[PDB]
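Participant: Take a look at the letters that make up each chain.
Number of protein chains: 2
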Amino acid sequence: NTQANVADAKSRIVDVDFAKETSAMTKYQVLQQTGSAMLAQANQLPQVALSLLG
Amino acid sequence: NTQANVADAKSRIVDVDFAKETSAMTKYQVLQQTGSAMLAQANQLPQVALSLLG
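Chains F and A supply the protein sequences, listed in that same order.
For what it's worth, PDB author numbering labels the leading residue of the first sequence as 220, then goes sequentially.
For what it's worth, PDB author numbering labels the leading residue of the second sequence as 220, then goes sequentially.
To be clear, the hints were calculated from the coordinates, so they are not data collected in a lab.
Among the clues, some could well be false.
Which copy? The list can't say, so a pair holds if one copy fits it or any two copies do.
Below, in silico cross-link-like pairs of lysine to any residue (SDA-like), each with a Cα-Cα straight-line distance of 25 Å or less [to be verified]:
#1 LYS246 x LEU272
#2 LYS246 x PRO265
#3 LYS239 x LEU250
#4 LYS246 x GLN263
#5 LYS239 x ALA259
#6 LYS229 x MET257
Make the full structure from the sequences, and use the hints.
Facilitator: What follows is the structure, given as structure tokens:
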């Protein structure tokens, strides 16, 4: 009996909850694609200087 | 385990960060076109001497 209850206590501390973890993993995937598009588009900001005659 | 951690340490030293590198590459492309227009236009500065009667 006591072995089962200690296993309960030990899992709440070191084990992951997939419901919590899966949401976070999908959460950051969107942020990565958002970050890549923003960075690529922000890199060509200085090309405005070429419009004003070199 | 130790192999993975050494791979971490080795990549921070010799490997490029594309975020850093891509910005620099686009950074210099603009400067090249700016430099070419300035140099071409600076080359025809001495043509003012032809206005004052040869």
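Participant: Now tell me if each hint is right for this structure.
Facilitator: Quick rundown of the hints versus the structure:
Proximity of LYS246 and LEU272 under a CA criterion of 25 Å is satisfied inter-copy only: 18 Å between copies versus 44 Å inside one chain copy. Proximity of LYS246 and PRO265 under a CA criterion of 25 Å is satisfied inter-copy only: 8 Å between copies versus 32 Å inside one chain copy. In the homo-oligomer, the alpha carbons of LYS239 and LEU250 lie at most 25 Å apart both inside one protomer (17 Å) and across protomers (19 Å), since each shortest distance falls under that limit. In this assembly of identical chains, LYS246 and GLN263 lie within 25 Å of each other by CA distance solely across copies; the values are 8 Å between and 28 Å within a copy.
For the identical chains of this complex, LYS239 and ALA259 are inter-copy neighbours only, at 12 Å across copies versus 31 Å inside a copy, given an alpha-carbon limit of 25 Å. Taking identical chains as interchangeable, the C-alpha atoms of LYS229 and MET257 are never at most 25 Å apart, the minima being 43 Å within one chain and 29 Å between chains.
Consistency note: the structure conflicts with earlier hint 6 alone.
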